[PDB]
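**Q** Listed below are the residues making up each chain.
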Amino acid sequence: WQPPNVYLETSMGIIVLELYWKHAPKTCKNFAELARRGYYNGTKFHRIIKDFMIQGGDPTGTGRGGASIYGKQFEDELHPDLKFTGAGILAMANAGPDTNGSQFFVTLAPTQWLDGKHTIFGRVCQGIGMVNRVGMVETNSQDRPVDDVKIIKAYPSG
Amino acid sequence: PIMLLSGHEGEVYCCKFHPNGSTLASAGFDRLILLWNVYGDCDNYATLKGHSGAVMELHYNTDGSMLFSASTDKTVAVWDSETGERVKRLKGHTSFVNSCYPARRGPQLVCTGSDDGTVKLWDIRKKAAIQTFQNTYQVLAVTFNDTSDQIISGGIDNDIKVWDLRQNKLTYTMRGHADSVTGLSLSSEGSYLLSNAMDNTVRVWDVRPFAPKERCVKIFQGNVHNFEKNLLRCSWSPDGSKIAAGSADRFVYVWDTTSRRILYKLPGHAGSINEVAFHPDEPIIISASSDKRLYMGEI
Amino acid sequence: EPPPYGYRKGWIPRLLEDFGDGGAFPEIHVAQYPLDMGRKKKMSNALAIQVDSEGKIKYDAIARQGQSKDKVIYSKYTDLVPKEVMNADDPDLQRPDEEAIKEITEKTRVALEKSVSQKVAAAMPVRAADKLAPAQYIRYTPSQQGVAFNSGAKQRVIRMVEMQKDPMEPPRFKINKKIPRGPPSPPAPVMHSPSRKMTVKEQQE
Amino acid sequence: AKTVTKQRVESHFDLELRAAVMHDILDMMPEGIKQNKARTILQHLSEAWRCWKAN
Amino acid sequence: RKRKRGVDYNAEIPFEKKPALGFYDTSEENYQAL
Amino acid sequence: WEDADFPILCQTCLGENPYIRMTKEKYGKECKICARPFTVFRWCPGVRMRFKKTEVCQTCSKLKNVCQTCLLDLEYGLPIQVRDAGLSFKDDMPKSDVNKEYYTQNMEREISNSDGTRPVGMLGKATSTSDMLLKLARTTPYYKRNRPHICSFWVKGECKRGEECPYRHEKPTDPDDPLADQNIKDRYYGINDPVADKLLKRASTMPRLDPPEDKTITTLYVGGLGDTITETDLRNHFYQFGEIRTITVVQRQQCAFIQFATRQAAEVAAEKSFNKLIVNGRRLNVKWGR
Amino acid sequence: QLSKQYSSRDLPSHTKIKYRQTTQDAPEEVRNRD
Amino acid sequence: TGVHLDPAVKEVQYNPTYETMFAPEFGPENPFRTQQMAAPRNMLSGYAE
Amino acid sequence: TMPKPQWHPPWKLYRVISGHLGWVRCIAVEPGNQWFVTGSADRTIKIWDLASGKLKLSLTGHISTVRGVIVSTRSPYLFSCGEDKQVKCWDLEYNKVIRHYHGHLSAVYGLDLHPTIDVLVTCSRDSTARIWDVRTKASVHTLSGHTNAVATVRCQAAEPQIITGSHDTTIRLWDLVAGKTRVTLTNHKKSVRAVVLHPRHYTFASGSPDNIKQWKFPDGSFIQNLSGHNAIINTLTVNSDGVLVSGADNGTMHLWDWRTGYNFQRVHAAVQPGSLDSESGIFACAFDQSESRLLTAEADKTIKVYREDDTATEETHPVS
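Protein chains in written order, with the authors' numbering: chain S, 9 to 166; chain E, 58 to 356; chain R, 40 to 244; chain A, 669 to 723; chain L, 202 to 235; chain O, 15 to 304; chain P, 25 to 58; chain W, 68 to 116; chain T, 184 to 503.
If you are wondering where the hints come from, they were derived from the structure by calculation, not from laboratory data. Ideal Cβ placement from N, Cα and C applies to all residues, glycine included. Among these hints, one or two may not hold up.
Have a look at the derived ranges for each label pair, beta carbon to beta carbon [as the list claims (entries may be wrong)]:
id, chain 1, residue 1, chain 2, residue 2, range
1, O, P32, R, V165, 38 to 44 Å
2, R, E93, A, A688, 48 to 54 Å
3, O, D17, T, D402, 53 to 59 Å
4, W, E116, T, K372, 53 to 59 Å
5, R, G94, O, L214, 36 to 42 Å
6, R, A85, T, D402, 45 to 51 Å
7, R, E93, O, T242, 53 to 59 Å
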């Protein structure tokens, strides 16, 4: 059960992410079953690092929420050759390893630093000009942007 | 709610409830004792007067009718809560009286710790001293034993001591405190005693006909001291369940006996909390802090 | 298009076309730039083009420009359109009940009276001065953190004292300075009916 | 913000009479779209007064 | 010299308001001279 | 006038003892910037060290984000001319009397709509503190600041008060030095600060990586490697910073050579890496190879 | 920027408000009346 | 996850347990912050209480 | 369209009081309903008995046109406001001025009282309003932001507490304690000289030569137009029973239904004997406290009092 490109048609425009189960099967199943679960409706982008990262996907929207398909969290599915070397790196970040939950990050540029601290799981095969637009927008001092941006529709590929 | 209390000229050092939990006692530097209604809107009615130095300890009886108070001005004093007026001036105490402890459900008597180098027994009726155990140094904390036949004391030697009222020599000495003894409290079991100390480590013991002879049972982390060296005071729950402490970090410390976890390290305060009172009936806490006010937390 | 998953080895897509409908190849050891992706761009002054939660072009931002979420800024036609009401018994047509009213009375009275009495004591000018209030004790957490400054402590606790004002001291500063009036507010939008130009006849009348 | 005393009573009556006129019609019953010639309706008003006074 | 508003003109834009920007690319825009 | 919670100054100006003592006077004197009355808090700097006082309006401070006593920036701590240019920053603060008063008035009006956390305006949209600023930034508290003046008596001989000369009884500086007479208003306006020009000369002569001649020299020699390094670690140093074409880790000479896939990527990695690409603690030298 | 100038007319005077009493016409009787 | 408190809100009226008060936030630190721009400050340059 | 409006009876002229020597510009009623008070452009403030219309007393303090008067519900005070830039506080137990609020810079076009606290609002031609503390004569707040004469001001206890309509043709609702403008309504095309608040409906109307408009508190949302009265509108005054009187400046006064917006009556009185016909115009309207009588203050120096018609029925006066 690996939804190839999962659609999150966000308020400002669509996104679709292809996750490589061969590279990241576990968080791939997490993201597939999660988008199919639709519990993401109402996630406000929980962090905006302009031109570096876009991160969201928390039922809390503060940074201390989010739970997985497996309980609270699961381990990472770490890769040898997959990097955050460019925009559209879709990897759920951790505040400590083996604690990956519901919050999802989407890169905006080369982020080779969190490689080895985040299992890079795939890429946004749709909505990347929109991702640049989003990573442009003005955020407050706490990366919850002044714009309350949420996804319209969260679902898998068929 | 939040229910922060105020009205004190200075820091609040000592706070407790009615052994009913009907009216509330707080006091500190101001050399008088404020009393309140705990419920309603937390109303403030009456203030005891007289005590020349900072009232170093308030102590109820266990029913809630008479009031003992050890003040730094060389004296302990008895007062009628019915009135607020002093029944006795237990004088004779040669220096700063820190602590007072009236025996619960036993005959009328108090054991008093002070800044002289003595532990003193006194009677409410005679205006006379019953005993005095000179170990060598000022006595900072005193709590009885539930038979009222031993006297527990915490002083400056980190060596928690207990006297036999009848054999009059050092009955129990137990050691393991990393620095000076600052607070003693006998749980409602009658058996376990709770002790705080600035050394960041607080201890539990059990004073029984038999305890393992090395009775350091439970230990809690978090209490702080600083260049202030203010008085530190602790309590059990009325159920012997939650360990209540204050400290000089502005964090009130709420632990459990069982898992010894941090149940709460609660902020809110501006001053160093100098006493926590648990309600004899309610999940109600009053935090007497050196920010010249109080808190009443509901948990 | 993009070579298949498991068959994407060996090539590095550098022009955004090899993304097909988009996509980064995380296992391909390059910075992936499908559809303007990857590049930190020139810092240009267009403010965030937002969109409503239905997908429209919310010029309410251009209206409320540089203004807080308190301001009501009517610039939609759905404000121009006449609502209809027929119930003298709706919630819409009901004032706040006197409990809120007495609350707001008490708050108003309080803040009012404090600002009054400060402006009134202005007409004291001979202040029968009260003395200097108790000393301030404040805990300061510098944002500068480092072992070398404050000789290694992460906080400083500071005593503020109020310095005496000399009684026989005239005013100190030239208060009467004139400048033009500051720029007003973000202009409101003119929500007017369609205006009609007059006949030249009328004009001559 | 000086009071109106005894020497500014006539001057003030006219400040306010001709203000009131300029509020009154020459900007609230126009439809002389261009630029409503208020400067000239005020000239009529002062000549109407001279003619009243001279009969 | 003592000219209190004289030089407000040859020196600086006297009382300045920066044109407010909206929804477009204004930075790299600039203008040629006389 | 203004009303404050406490001053804004660097650690150097701020002090050393854990308990600082400062006295407050409301509407004490005139910010030479806002020109109007301010509050004045006076801090005891150090043992026998000159008591300082707050010397600018708190709004006059939040304007440029500098020290209300120390006068240097609060993040780096170099002359404001420098710090601005190190952000490439270009402020339009007006200068003439009426223009400046109008500017100050509307400035305080616009700053009244703030939350008291950070300077207003381009002070955030220039927050890319360049390693140039980071490197010109002083490291330790140059606490010579709180030493007194030259006791003009004690310069001529006269300071007959014993050791209590109110001022450091040393040799007075020859004012021929450009580091002598910097008018406080000019130093605040970023107006021809000779100390700032000295910082410009220093940050111009300070070592940075050099460019080669021909574009087809896309091999980059990193000198001083050591045998704790990996080829994948040299990569992760220079890998997502562009694309690398190849790398030769010379273990017979303790160096490296990155042949790149983007010239500007090579420039980014290497020039940012000059002597400061410190992965596992070894001072590598980024250059363009032969 | 609060000046110390002053006025003969701004001296304190008439510092109590006469409240409308029971017999005159208090807002209570106005609450009642027909 | 259950009740946690917004770390930027300091006026919080519900009595938080240990984790219900000081649960740590998910994600990385903002590298765009000068130490001053990372530190919690009530004032421009450092918090006072 | 709308439901069908309630049928209200008509009103008929029944008294015409004549004692003033210049335009009569403002009118107000006692709390307890014994007397009303007129302030006129002959600079006097007259106090008339409301039963018989006899003049009980005339006070002369002002230097020019009295442009507004009001009487305090909480204290034995009358507050007058004039074109001499002065606002006066008459105490009615000696019949004497006791208090004067100084600080406006041009004629004071109108004035209102807060019903709960003791504060005063006055609007003037220097394009500002001011909030005075009744008791210490001090300006607590200067509501600035309009850009022309602030023709009228009303205050209420609910929120927002202060509504000013001006001659730059906009309305502003102000926060009192904050002392600044919440909402700015720019729907009218010509100067706004009258605004009124419903006694029991959290709603308010605002008139201009274009058309009356109805709006909804507290954020000022459009509700309906009311049209037909195409003349400079000097007064709006609303009954308890949904009667809304709109009196204009060319003499005519129309009566409407507050709710459906249906103008059911049109009165055109005749000027006092020696007046020109261009000296017909209405400056003030007021319902009495029984809300049975309607007084009007006219540009021909008369006070015209209208009463409710007791012998008409829906079949005498069909509703359209």
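**Q** Which numbered hints are broken by the structure, listed smallest first?
**A** 3, 5, 6
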